[PDB]
Structure formats: C-alpha cells, structure tokens
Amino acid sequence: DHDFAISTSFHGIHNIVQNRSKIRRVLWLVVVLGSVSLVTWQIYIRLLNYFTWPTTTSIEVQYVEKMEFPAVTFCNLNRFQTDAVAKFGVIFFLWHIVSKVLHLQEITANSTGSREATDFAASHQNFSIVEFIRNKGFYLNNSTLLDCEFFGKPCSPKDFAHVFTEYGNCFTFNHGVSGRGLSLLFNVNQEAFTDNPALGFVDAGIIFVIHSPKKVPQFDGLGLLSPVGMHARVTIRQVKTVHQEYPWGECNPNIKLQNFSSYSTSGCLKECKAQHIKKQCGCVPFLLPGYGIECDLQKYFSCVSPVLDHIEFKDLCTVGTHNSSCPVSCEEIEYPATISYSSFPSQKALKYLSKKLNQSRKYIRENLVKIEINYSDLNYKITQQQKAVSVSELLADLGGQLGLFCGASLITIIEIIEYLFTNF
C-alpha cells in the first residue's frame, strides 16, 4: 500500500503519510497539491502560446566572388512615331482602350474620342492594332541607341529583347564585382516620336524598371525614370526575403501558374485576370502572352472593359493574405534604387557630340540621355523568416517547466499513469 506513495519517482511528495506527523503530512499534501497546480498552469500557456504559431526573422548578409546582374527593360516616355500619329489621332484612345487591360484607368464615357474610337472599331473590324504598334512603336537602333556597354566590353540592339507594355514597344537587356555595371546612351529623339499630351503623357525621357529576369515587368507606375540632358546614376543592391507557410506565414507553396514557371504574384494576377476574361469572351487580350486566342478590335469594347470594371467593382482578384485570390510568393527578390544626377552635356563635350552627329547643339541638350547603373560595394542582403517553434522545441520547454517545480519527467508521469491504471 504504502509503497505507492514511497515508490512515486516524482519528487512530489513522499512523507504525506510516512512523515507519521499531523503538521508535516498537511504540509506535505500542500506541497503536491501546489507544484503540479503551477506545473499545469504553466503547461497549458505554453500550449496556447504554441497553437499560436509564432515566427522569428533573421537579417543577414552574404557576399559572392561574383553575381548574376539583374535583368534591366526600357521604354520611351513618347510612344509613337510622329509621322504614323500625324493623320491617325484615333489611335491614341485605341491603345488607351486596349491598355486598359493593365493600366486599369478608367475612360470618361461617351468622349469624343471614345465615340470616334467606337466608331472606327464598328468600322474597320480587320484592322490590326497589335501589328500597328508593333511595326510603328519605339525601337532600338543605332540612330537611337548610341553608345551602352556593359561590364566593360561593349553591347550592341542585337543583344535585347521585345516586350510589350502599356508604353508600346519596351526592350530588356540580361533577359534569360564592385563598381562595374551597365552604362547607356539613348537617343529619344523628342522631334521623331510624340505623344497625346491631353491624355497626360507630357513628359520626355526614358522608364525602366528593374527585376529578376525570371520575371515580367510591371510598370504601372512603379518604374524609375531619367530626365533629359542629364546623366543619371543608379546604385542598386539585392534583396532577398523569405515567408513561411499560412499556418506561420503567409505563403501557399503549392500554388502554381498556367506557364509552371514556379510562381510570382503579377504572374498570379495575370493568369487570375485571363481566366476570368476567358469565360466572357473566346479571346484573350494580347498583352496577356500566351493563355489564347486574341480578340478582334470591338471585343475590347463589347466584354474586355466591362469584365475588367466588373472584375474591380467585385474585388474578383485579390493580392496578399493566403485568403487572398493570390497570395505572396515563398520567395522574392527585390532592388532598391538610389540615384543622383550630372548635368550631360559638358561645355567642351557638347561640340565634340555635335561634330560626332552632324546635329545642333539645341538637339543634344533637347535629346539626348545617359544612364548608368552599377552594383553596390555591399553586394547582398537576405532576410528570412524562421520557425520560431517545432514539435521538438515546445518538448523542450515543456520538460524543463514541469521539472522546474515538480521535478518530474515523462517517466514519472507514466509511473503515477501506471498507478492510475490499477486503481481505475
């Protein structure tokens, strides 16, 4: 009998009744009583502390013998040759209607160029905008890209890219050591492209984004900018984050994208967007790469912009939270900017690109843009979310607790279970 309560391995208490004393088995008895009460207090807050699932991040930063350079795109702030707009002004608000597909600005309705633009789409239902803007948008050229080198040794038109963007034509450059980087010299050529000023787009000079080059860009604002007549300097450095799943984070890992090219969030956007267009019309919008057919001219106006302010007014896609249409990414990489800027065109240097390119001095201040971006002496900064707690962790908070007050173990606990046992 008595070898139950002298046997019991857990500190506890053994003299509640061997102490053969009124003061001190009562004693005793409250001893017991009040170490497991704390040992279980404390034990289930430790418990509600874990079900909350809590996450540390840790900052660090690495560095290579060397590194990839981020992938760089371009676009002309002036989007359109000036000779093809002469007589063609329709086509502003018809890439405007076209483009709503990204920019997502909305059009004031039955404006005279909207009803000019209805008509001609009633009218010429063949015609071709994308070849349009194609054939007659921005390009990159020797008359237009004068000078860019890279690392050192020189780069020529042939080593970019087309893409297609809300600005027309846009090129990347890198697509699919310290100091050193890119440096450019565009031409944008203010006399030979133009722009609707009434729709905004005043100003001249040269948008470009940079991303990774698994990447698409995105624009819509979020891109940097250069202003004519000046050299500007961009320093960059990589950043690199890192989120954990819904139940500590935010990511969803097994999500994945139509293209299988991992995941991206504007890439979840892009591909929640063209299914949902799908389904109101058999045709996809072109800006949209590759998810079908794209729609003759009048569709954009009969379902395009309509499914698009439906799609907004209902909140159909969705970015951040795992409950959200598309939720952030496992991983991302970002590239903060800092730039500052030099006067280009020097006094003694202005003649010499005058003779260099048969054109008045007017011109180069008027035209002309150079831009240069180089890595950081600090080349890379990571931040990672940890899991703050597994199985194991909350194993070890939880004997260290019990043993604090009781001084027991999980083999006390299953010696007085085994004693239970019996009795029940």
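Between two forms, the rigid core is defined as the largest C-alpha subset superposing within 1.5 Å. Numbering follows the first chain given and starts at 1. First, how it differs from the form deposited in another entry.
- Core-superposed comparison between the two forms: the Cα of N379 travels 2 Å or more.
- Once both forms are fitted on their core, a CA shift of 2 Å or more is seen for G12 between the two forms.
Now show me the form deposited in another entry; what you just gave was the form deposited in one PDB entry.
Just the single chain follows, nothing else.
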C-alpha cells in the first residue's frame, strides 16, 4: 500500500514521498485535503447555480428588403343605424347583455333598461340578435370608404373581411418598402349612425387595432383611436419576443388549441371561457367561434351572465405565469405605434371635397377621417430569452472548479481506489 500511496499522482502525495518526514508528510496531506475540499466547494456552488435553471437575454436588430405588413381591423365608434334603432331602443341593452362575453363589465339588474330587455326576451325568444346586427350595424361600401391604397395601388371594399366584435360589424384588412404603407379615407356619417350616450360611447371617430394576420383582435382598452376632422399618421415597427420552457421561463408548448389552431394567449383564454360556458350551460355565445350550439337569447340572461360572474369571482381563468391556465406563448409579435396629427380639411381642399361629395361645408369637417399606417424601419427587433447553461456546458465548467487547486481528474479517483484497498 505504501508503494501505491507514494506512487499516487498527487502534489501532496508526491511531496509526502519527497520529504520523507512525519511533519512534512502530514503538512502536505493536509494541504491536499484542503485543496480538494475547496474543489468540492466550488463544484457544489456552481452546480447549485446550474440548478437555478439560469437565463441570459439577447436583443438584436434584424433586416429584410421587403417585410410582411400586419393586418388591421377597423370599427365605427357609433354602432347602429339611426333608422333601425329609433323605435327599438331596447336593442342597446340587449347588445350590452350579449357582449358580456367580451367586455366583462357589470350591469345593474334593477335598471329600467334591464327590465325592458328582460321583458322583450320573455316575449320574443325566437328573435335572433346576430342576424339583426349583421344587417343594421355598421357597413362598408362606396358610401363609407371613400378611398383606400395599400402600396400605391388602389384598394376596394371587397378586400375587407368581416368580423364581429364589441362594436359590431368590425372589418379587417390584409387577412390571412420602407416609410410606405396603407392609407384610407372613411365617411363616419353621424347622420346615419348613432349610439346611446347613456351607456357612454359619447365620442365619434374610427377605432382600430393592429395584429398579426392569423390572430383575432381584442380591442377593449387596447384599441387605438382616430378623431373626426384630422389626418392621423401612424408609424410602426415589428417587435418579436421569444421565451423558454417552464424551468427557464414560462412557455408551455404542450398546450394546443381546438380545431388545430396555433397557440395564442388570447386564444387560450377565450377557448377556456367557451369550454367553461359550454360545459356548465350547454351552449356557446355568438361572439366566439363555432364550438357548437349557439345559445338562445333567454340563456344570456338566465345562464351566461351568472356563469361569467362566477368565472370572474372564482378566478377560474388566469393568464401569464407558468402555473396559470393560459401560459405565455413561445413567441409573440407586437406592433408598437406612435401617432401624429394634422388638420385634414385644408380650406383649399375643403371646397374641392365639397364639390366631389356634393356635401355641405358643415358636413365634411363633422364626418371625414383620414388614416395612414406606415413602417418606420425595414429592420425589426427580436428579443430572445436563452438558457444560460447547457448540459454540455456543465461538463466544461465542472472541470473548472478543480482549476487553481490540485490539478487532477482521474488521479483523485485513482487515489480513491488506493484508499479503498487501503481501508479494506
């Protein structure tokens, strides 16, 4: 055992053989023990750091000669045609009740409008809200859309897809090279269209949102505005973010949507909502994709509203955090926007448009909206969360801890076998 111990490849062990003295041998053995203990210390420390599943964040600017341009959704701040609602006021409260699925506000059950709506529902249960709103709501034609240009080229209403939202009859664009982009001129027409001030909605103009082609708009408090009588210029850049899985970040790719749709936060949320409503009530609302039987109107007062209140109160639906019901998507793309304004009907131009439209000098300043949406930069920002230590990396670093200390990988094990025989 002495020959192997002396021949063992270690600085202290070699020193023990060289000095050939009791005090010397003990001192070198102690030095070796301390060095290996520090090695172990470092090892452990660095391994516990890896077992935090640590991350680094990179952020970089990416470029192309011709980028894809995001979809847009437009709505009239005024809902309904004047004529079709003057004699049918209860429609406002009926629509507010139906749109709970979206707006998630609360309505005083004791209010007079609620009583009238409940009476009508009890009297006309065969009435169809969607078939009505799709006809008497905001409409897009030659009468409404005076002009539209994408990239120098003309555009026509037929290019616009149709979507239901809070406001009803919401139209979308570009549905599924720098400084240039989409340009429009709307005739908001406060003579035809109207809304109930009582419920708010006291403001006139165009409301729009910017989203990916394959997403559904949200609106709510996230929707952008443009006023009557001013040209709005909107300059945007694409922004992309990337997330890692549950150990390192919050992404949960494993979750997939019904109908084989690509994952999206909003999608997840609303699909959860629909699942709860259907399972508890057996029907689904009109403002959600065709999961199944559309709910009867009476169910909205009897079933849907209490169910939504319960969902809200119990927090059955959650967003964001890794434990959440609706985790953050792997990748997301946002379109930040900055807005500047200019007086639209120039006095020179005002008479011209007057002539053009055969409209009074009062009407044009009270009804027309011009919008431009433009790409500020042919480059876009990507932000990537990255795993700070791969398995392999651990290996590389593992060796490091030993550095500055007794330099050995197999000698320590070689001595361990020597000790095992020495102890056996």
